[PDB]
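Peer 1: Single-letter residue listing:
2 protein chains.
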Amino acid sequence: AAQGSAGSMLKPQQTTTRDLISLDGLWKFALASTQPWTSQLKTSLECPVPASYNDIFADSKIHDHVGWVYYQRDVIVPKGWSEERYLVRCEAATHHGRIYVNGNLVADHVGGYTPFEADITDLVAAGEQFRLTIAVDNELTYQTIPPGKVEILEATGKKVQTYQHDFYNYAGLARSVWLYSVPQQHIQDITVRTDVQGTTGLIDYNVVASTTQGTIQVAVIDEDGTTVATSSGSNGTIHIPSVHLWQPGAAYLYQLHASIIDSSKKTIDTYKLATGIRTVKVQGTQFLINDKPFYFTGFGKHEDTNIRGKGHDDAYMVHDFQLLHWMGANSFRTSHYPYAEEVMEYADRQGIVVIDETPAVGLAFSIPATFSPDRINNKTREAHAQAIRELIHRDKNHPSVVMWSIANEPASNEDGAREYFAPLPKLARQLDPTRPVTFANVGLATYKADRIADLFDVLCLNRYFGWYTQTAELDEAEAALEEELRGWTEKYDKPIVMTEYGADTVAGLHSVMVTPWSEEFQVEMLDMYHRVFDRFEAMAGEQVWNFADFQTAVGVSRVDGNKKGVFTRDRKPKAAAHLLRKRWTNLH
Amino acid sequence: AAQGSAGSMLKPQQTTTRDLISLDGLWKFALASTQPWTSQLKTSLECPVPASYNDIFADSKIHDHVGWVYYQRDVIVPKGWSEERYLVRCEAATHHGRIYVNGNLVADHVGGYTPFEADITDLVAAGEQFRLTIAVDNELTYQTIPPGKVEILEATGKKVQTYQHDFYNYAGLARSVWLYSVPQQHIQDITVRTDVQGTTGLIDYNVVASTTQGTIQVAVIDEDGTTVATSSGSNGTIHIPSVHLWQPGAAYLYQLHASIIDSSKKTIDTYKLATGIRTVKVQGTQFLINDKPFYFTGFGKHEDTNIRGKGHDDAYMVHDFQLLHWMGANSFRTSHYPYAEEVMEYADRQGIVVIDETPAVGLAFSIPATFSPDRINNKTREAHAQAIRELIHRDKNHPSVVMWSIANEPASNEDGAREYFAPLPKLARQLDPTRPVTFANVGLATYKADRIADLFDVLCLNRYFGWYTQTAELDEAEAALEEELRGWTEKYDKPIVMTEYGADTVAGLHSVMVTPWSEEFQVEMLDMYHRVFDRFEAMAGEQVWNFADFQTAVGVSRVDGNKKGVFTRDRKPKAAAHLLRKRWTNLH
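Chain order of the listed sequences is F and X. Under the working numbering, the letters of the first sequence match residues 1 to 588, in that order. Under the working numbering, the letters of the second sequence match residues 1 to 588, in that order.
Incorrect hints may have been included.
[What the hints assert, rightly or not] Each computed SDA-like pair below joins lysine to any residue, with the alpha-carbon atoms no more than 20 Å apart:
| # | chain 1 | residue 1 | chain 2 | residue 2 |
| --- | --- | --- | --- | --- |
| 1 | F | 582 | X | 511 |
| 2 | F | 582 | X | 582 |
| 3 | X | 582 | F | 527 |
| 4 | X | 582 | F | 583 |
| 5 | X | 61 | X | 32 |
| 6 | X | 582 | F | 513 |
These are computed hints drawn from the structure, not numbers from a lab.
So here's chain F without its partners, still in its complex pose:
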């Protein structure tokens, strides 16, 4: 883990040449008390892996814990492995993960939403058994990339985790853990850039191999199963005659088979990696996927379900996606962190557009000046960029991912904000020149007051007039909102997307009168917002906040988390769901 760079490999898969093993299951679990990774574990406490631990146990001490926790289990390297290089991966640690093989530290990793792994091949032998213990610290600071500070309670002395975001600070191994193998000479990375000449579809590729052994073949197969182009070399471009384009309601995916042939006509490594072929351009006030203009519809979302909290779930993913299709949503935004990788591949097959967001949420203090040597400084920017790299490295390939979101609701109206943010969108366009760049702008940072927006390609606005400013005054709110829309459309020649608009709603709370927290009120606000968007020709999309009720930090104005959900936390449609379905399916 180095400054200015990203060292993950490709998403482990199984092949004729590589082997894959799941470490998911229950693991022994305990709380920081000393040096637990040097002996076995002493607990009847077992925690499921793909999951956040906080809610799992029905224990207050555990849920409330500030610091490190310890997952542990034994592992056996299959005896079939020697002559194969093998290693241990975490798709994500809560925030700060550490990997111990038997009681030597083998990896330390600061991102909370991106993979990390350790090559253990010289460290254990094929056929041998070791003690995998993984340490996850949930502590946020001013330098950690969702920012925060631990404090202490004057009377009881209890440790307490402050932060500036909405959603609860769920910790642990939220994403699958793996033990896999790769041949000594292997493909480590692949870069795919899809473009279109007339009707001919060309993808520039780039394959990275552990050594300089043999050569690099690439077959490119269609959905039916018949290869449609081939190539040699670590890099080039591939021509596809009469391409089936990946379309935002009509996913087409070709399968790029990268192989590492040895001296002779023999395959020694291979890797299957799906791409779809699509361009993304912003021209002025317009968002083009495949040179036709596009309008987002959908939600910012969360990784949040009932007991597992943030832990990725196969069936909620599929269900969630069906609800999107049910209502004719075409996109969503990975809200305030990168989601599980498997959600991105699913999004690709599913033909859903994604706004991929770094875990930079709450870069402000006004939910004290936020950009200084105290709160958000240069060491913080360093971590912010560190996170931009790992996200892009990981996600660069998904045709569904369509624009990077640098941050949520940063204090972009304050002195200091511009210096801070300047290198970040520039980093993004550099590492990946194919997609546009944005961040979701807060209400305070008005068109006048914001000093960041010009550095970005698309304008993403979060607004809540009918909620905060004009509380229940929908007409006075329609005033405020078009005031603001005008301001942006006049000052800038970018396209605009409402990334956040909504109102807390308690399922079953009804009222014939104007009343916030009533299914009815939610409808009305949503509806008048829509009416306003349609009168602005500069709008390029709309994302309700949020998909579904979700858990947040304890708070008096938070009714057991955030209820701005259009669906309940158990995924049941409020009235708003049906409004959105009616608008999204019945017009363009």
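Following the hints, put chain X in place on chain F, whose structure we already have.
Peer 2: Only chain X this time, still in chain F's reference frame:
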């Protein structure tokens, strides 16, 4: 209280000539234990009058009580009263009411929904104070007009009230009590029959005076305040040039001022009684109010609110009516009993159409043969007719009331049913030849199976396929329902009204899938029913069941009463409300 007749007076009002006093307030209250009406009352227990007692006290014994209860309070006759005849009235007793002046029985009355009164003028003196005690028995039997049987619990021996209806058996003084005065020679009744010659509006009247003193004047005033016709005599007809007609969305009411002038040009009694002028004809498959065809929209309703249960409430009435206008409902049906009189006058001013129903609900046993010498016999029919009389006597005048409903869901497919019912619609047409006659038919009594319908003018159907028969099978239910609609339209040349269709819904229970008890399911059933009605040209109206969740007898398939409400018991709109508003306001 005599067989073949009805002895209530006109609804007491205040005038230049009559005086009115409310007895409402808290009264001392106690349960049958002996002969409590002969001394004062011994309880800290006070019960509000306009109200049903069962829910009021938070006491199980009281709520559960089977038998008589005793309301009591002192009353003072104003000293201004002598030379005026005065008396004591109950707008309604729970079911069986008794009035004691000081400990002599002065009235005994078997209806549960119609007024009764006692002339106390020779019994107390103006200026004197007496002990008004009123006894209300809540016991139903096979002869009482909502039928039932008290049973006993083998183990505990507890008394327990069985009955065949849905709604809870709320007992007590549900409607206001009064002490009023009337001159010695006074108007006791008035009969108004409104008709139309071309554009000239003629109302036949009939005034009944206690004695043969003086003569009878009648002024007929418009809404502005200017008398537009006059007349003399106990009876005649009045001609109104270019009448403003009472219309089903446009209430016009003239004020008929009946006066009893004495030997000389002096008024000795007077009474203000509003009428509106409208005809009601059924021609074949068509329902005509003022010779233009009419389609009902609305609900069967209940007199049921939170703590008072059945007790009439001013503000819920007005609110309830506003909800009707809010959603473009034009009618409702007094569900399974006559409602408070003041609701009928309000309905008149409000321009809402009413189906006025007797308290004959549950005339069946299949919710054992119901028409015999055991269950529903001739003594029962006698009470049924006794109730038809008092309803008509009371309600004959309201332009809003538009059709009589003889019974709810009687066992009209069974042998015995025809003999039983034969004299009842005939009685109704006789006592009041101006309105049509009906009853609401049960699902069992199919077009084939029912042996009553031909005796009635309008066909009123209660159906619940998408609920009972085709449970959640909306398509298989659309089959069943049009099967049935065809049958009736073919066999008979009457118009049809769906008096009941609905599905229990728990506020806030949502589902993207087909699931009963979910706000969504309610919408869907309601919607497909509508689609079916529109394809039948014989339909003359639609009344959802029900307006609002309401309390019923304890039962496992009754989630704290009946949830077939479109609004909650606290009057909050479920999704169905908005569907109905959308259908009723956007088309004819």
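Peer 1: All the hints need checking, so say for each whether the structure fits it.
Peer 2: Hints and how they fare:
no. : hint            : verdict
1   : 582(F) / 511(X) : 16 Å, holds
2   : 582(F) / 582(X) : 14 Å, holds
3   : 582(X) / 527(F) : 16 Å, holds
4   : 582(X) / 583(F) : 17 Å, holds
5   : 61(X) / 32(X)   : 12 Å, holds
6   : 582(X) / 513(F) : 17 Å, holds
Hint compliance for this structure: no hint is broken.
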